[PDB]
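Peer 1: The residues making up each chain are set out below.
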Amino acid sequence: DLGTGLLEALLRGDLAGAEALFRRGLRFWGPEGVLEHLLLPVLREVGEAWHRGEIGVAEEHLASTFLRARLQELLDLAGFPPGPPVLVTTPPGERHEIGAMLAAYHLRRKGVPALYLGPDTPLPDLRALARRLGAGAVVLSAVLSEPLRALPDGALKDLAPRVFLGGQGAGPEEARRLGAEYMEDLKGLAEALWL
Amino acid sequence: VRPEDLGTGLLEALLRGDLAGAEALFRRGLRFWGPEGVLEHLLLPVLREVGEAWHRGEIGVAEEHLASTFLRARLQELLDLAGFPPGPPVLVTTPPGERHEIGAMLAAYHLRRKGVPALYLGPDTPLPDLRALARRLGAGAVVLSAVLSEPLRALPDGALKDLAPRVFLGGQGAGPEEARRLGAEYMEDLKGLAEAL
Amino acid sequence: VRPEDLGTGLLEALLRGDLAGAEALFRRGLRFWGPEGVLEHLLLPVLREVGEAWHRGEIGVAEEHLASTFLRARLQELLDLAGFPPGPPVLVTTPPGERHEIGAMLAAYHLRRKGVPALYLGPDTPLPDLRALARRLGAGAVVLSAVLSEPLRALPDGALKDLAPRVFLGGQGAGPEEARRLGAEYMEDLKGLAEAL
Amino acid sequence: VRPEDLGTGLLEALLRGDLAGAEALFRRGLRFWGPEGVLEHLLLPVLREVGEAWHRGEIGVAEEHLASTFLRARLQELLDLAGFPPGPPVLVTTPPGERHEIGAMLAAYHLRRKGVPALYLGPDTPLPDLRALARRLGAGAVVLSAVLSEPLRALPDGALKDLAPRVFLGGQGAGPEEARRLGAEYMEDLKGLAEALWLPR
Ligand code: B12
Ligand code: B12
Ligand code: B12
Ligand code: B12
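Protein chains in written order, with the authors' numbering: chain B, 82 to 276; chain A, 78 to 274; chain C, 78 to 274; chain D, 78 to 278.
Heads up, a few of these hints could be off.
[As the list claims (entries may be wrong)] To list a few chain C residues with every Cβ distance to chain A over 12 Å, as calculated:
1. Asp157
2. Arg176
3. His187
[Claimed, not checked] Restraint ranges, calculated between C-beta atoms of paired labels, are given here:
4. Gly128/D - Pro165/B: 56 to 66 Å
5. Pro165/B - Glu135/A: 16 to 26 Å
6. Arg108/A - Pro203/C: 18 to 28 Å
7. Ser226/D - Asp266/C: 53 to 63 Å
8. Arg108/A - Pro122/C: 17 to 27 Å
By construction, these hints were calculated from the structure, which means they are not laboratory data.
All C-beta atoms, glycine included, are put in the ideal place defined by N, C-alpha and C.
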């Protein structure tokens, strides 16, 4: 797999060769393909390696900053459609960005105007922006479960006309308790908007 | 349209959630002022106005996030378009506890524009891990950007002294005294940083 | 619409005089393939297709001018974004009589992407003036791109030999023997050129 | 650095091969004088000073090339920022044999600033190929910039006639008589050129 190659280039600080390997993968598998076969497998392997204590925090930072940059390029290539926006973010306390960015990307690939805000947005401020921009939906990505548990019952229900929760840190019951529609796969998300 | 007006236009586009218009105005600014110029005359003035507005309680966190996430994305684009030389890298990051990342990215960018192989790691790197990577890659220098002063104050004396052969601290959160205490070379302007290396 | 058809789209936009559409298509390609990629998979294939069309008598020289002026402008943008390192410069140009400038610009760009301070002079520089500037600036190398062979053939033996400490000749109009005759190092690929310095 | 010193500074940076410093000084000029202003107060004065220096034998051709390639790059960015209107284009170029291209770019820029879709082709376009492109694009006008007079003199009588319904020749290398001989309207000032299209006569 180009996965091991990509990781090894990043770990030796070869950002030029890492970029070249990613670009080859994008040319070979296309935009959706490269995410499934390269970006996510590498991100998972970086996390695992760190958990095993095989790499330190600096190396993980390097890799994650790089993958985030590639995903941002893909986001930018999808363009930004006009229309009532969908705000994409993470719950308060959640700092991980890639799951939200992936969600924004899948929406944008299907012509949905997904505004990625960045992570960790307070719920009242998110509700206020959704209202001001006449947003049709809010989408939330949770990697950790703790930030969801800290939230009062029904706290996600009124953020916008539709509210979607996904990510490892989320499950059907916590979604029900919080008042959000739970969603496992990213492909289905655009269809779930009924447009 | 007018160069004299791009800051206002960019801010207004971001606040109404017009990412397409924002992108077009940034591109215009890049064409007008060039790579370094757009950062001085557009990106930073807008980022500062967003931050100020938030401090005055005029805008909420969500709006500020939108704008900052956008500006960060543009600086990353510029970073990628700059040359990356081979040779002993310079690691660029922020002190432990510092989450703001634009100042570090700006530093990496100015270095890369001047032929210095600056690896931006992202923010908030533990010092032992930073030291280990600097040693493994044979880094010639470590550059740290601090916007807040608190994260610097939490560090023990001489904590930045042996990170790499040269260690640079800058950002508004830093000053010559805190640099001396922590064992880093202070610098104020990004212009001078490439010459210093 | 599919990336592998950006080439035909770009060509069609240029031929109908749609500079705005051309710019948009090029930017899409840059986002898709990145800086080096867009040159390999869009700029060069389109420039070759313009040349072929001209050979088939489908378009005149004015259309070729339009397209090449456009591509030169895109390459210039990329050149500017790579930034210009300090240090002993490398002068990049074409032999006297050679007016085509894209191969030289491509060479300058690949060098600049690798931190080498490549000064693109433009095409068609007299050899005495080139030698004088190389000496005044303490240039480490001169790089020449030749598309046509005629301008090379008009030059006396050993005419490129003392232009600077290293002298490189490339381009389809050049081969190892004409390089040897003229006193330059020949190379085929732009990738190898940075390593060679 | 002060505005009254930008011209000298820019030239000196270019002559020592300091492209980074040159870029920074041009941007300072843009900040001071704005887009059109920088052309009048910085770009043209520097281009003229490069020419003068070359005449006085103080710089060779290599240095002039460096400087002109730089200024052409700046002017191209300004051209692109003027935007590209829709409609029947105006082709802008130089006569065959004319290699200087700044005058043509300046003409294209003034037209584009006034909403005219000026397509800058680059310099030195053979007249039959220019005629063919004007016809293919349905161009309403062709504009030619001549710095030198010799390339005009080499052209046969009536050689610029009917390249398009309107044909304009300008530049110091051109005069009313050579225009008449070649079958073009002569024009002195760039500002008037857009109006010269809107109201025909
Ligand atoms: C990679 C990783 C990291 C990386 C993060 C890399 C990055 N993303 O920048 C690093 C090394 C930094 C890391 C550190 C930490 N993480 Co970690 N690490 C992982 C790992 C190996 C993979 C996580 C992952 O796949 N995330 C990527 C996202 C995109 O995938 P996902 O959230 O599963 O979501 C999928 C779908 O739901 C969909 N999706 C995502 N969002 C949305 C939204 C919608 C609406 C939809 C429809 C779909 C969707 O896309 C994804 C495709 O599969 C796991 C272990 C494992 N085996 O999974 C943990 C794990 C998530 N980490 C964990 C922990 C504890 C941490 C740390 C606290 C460790 C520490 N002590 O410092 C820190 C900080 C976490 C934080 N503060 O957020 C725990 C979580 C435990 C829990 N929450 O109950 C895990 C499970 C491992 C463990 N220790 O058991 N981690
Ligand atoms: C933008 C901003 C924010 C934004 C940040 C958005 C983002 N970037 O993500 C937001 C609203 C989120 C924010 C948040 C906070 N910030 Co604030 N806000 C600002 C502002 C406006 C900073 C401008 C900025 O980002 N500049 C970034 C870089 C470009 O600027 P710089 O560091 O001065 O860098 C220059 C040079 O130093 C050089 N440089 C940079 N790095 C290096 C390195 C080297 C080696 C060299 C040579 C040069 C160099 O490059 C730059 C050239 O212009 C200031 C007020 C102001 N007008 O400056 C505060 C300010 C920094 N914020 C402040 C505060 C208190 C906060 C918060 C704690 C608010 C809060 N109370 O919760 C939070 C932080 C949360 C946390 N991490 O703990 C204080 C900090 C006081 C201190 N220094 O300890 C400031 C100074 C406001 C004040 N009180 O006057 N803030
Ligand atoms: C495009 C083209 C032109 C264009 C140029 C404008 C344009 N570029 O679109 C125009 C219309 C001017 C043209 C016309 C002519 N050219 Co023509 N045309 C071509 C064509 C199709 C493309 C090749 C090309 O120009 N690439 C552009 C450059 C950048 O790429 P390159 O030169 O291959 O260089 C590569 C490498 O060498 C490297 N490189 C470049 N410089 C350097 C420097 C260094 C140091 C290094 C390491 C590497 C390096 O990078 C480049 C890309 O990888 C080829 C046919 C083909 N090859 O498919 C001919 C070709 C070059 N043309 C040819 C001919 C015949 C001509 C004319 C004489 C035609 C005529 N019959 O009158 C005229 C003369 C030009 C003039 N009158 O001023 C012949 C060359 C003669 C031969 N050796 O047999 C070719 C080979 C095709 C053929 N018919 O046989 N041409
Ligand atoms: C710079 C310069 C050069 C530069 C050209 C710069 C470039 N573009 O690359 C260089 C050094 C290459 C050069 C070349 C030569 N040029 Co010279 N040099 C000059 C200089 C200083 C200015 C030329 C210039 O500014 N052109 C740029 C354009 C924008 O200026 P412009 O033509 O005045 O255009 C204005 C208007 O005409 C109008 N305009 C332009 N186009 C159009 C089109 C239309 C439709 C309209 C309405 C208006 C319009 O807009 C412009 C701004 O207001 C003059 C000296 C002087 N002016 O006193 C000579 C000068 C014109 N050059 C001269 C000539 C002919 C040459 C040379 C042949 C010198 C020689 N005798 O050996 C060389 C030839 C080398 C070559 N052919 O490549 C001599 C003429 C000698 C004589 N007749 O007595 C001059 C007059 C020097 C002098 N003071 O005597 N030159």
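Peer 1: Decide, hint by hint, whether the structure agrees.
Peer 2: Results for each hint:
Taking the minimum C-beta to C-beta distance to chain A, about 7 Å, the non-interface status of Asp157/C is violated against the 12 Å cut. The non-interface label for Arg176/C is consistent with chain A: the shortest C-beta to C-beta separation is roughly 27 Å, beyond 12 Å. Remark: the non-interface label on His187/C conflicts with the geometry, its nearest Cβ contact in chain A lying 10 Å away (cut-off 12 Å). Roughly 58 Å separates the CB atoms of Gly128/D and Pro165/B, a value that falls within the hinted 56 to 66 Å.
At about 24 Å, the beta-carbon gap between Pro165/B and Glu135/A stays in the expected band of 16 to 26 Å. Judged by the Cβ atoms, the range 18 to 28 Å given for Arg108/A and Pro203/C is violated: they are separated by roughly 33 Å. Here the CB-CB span from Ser226/D to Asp266/C is close to 45 Å, at odds with the stated 53 to 63 Å. Separation of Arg108/A from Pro122/C is about 26 Å and conforms to the stated range, judged on CB atoms against 17 to 27 Å.
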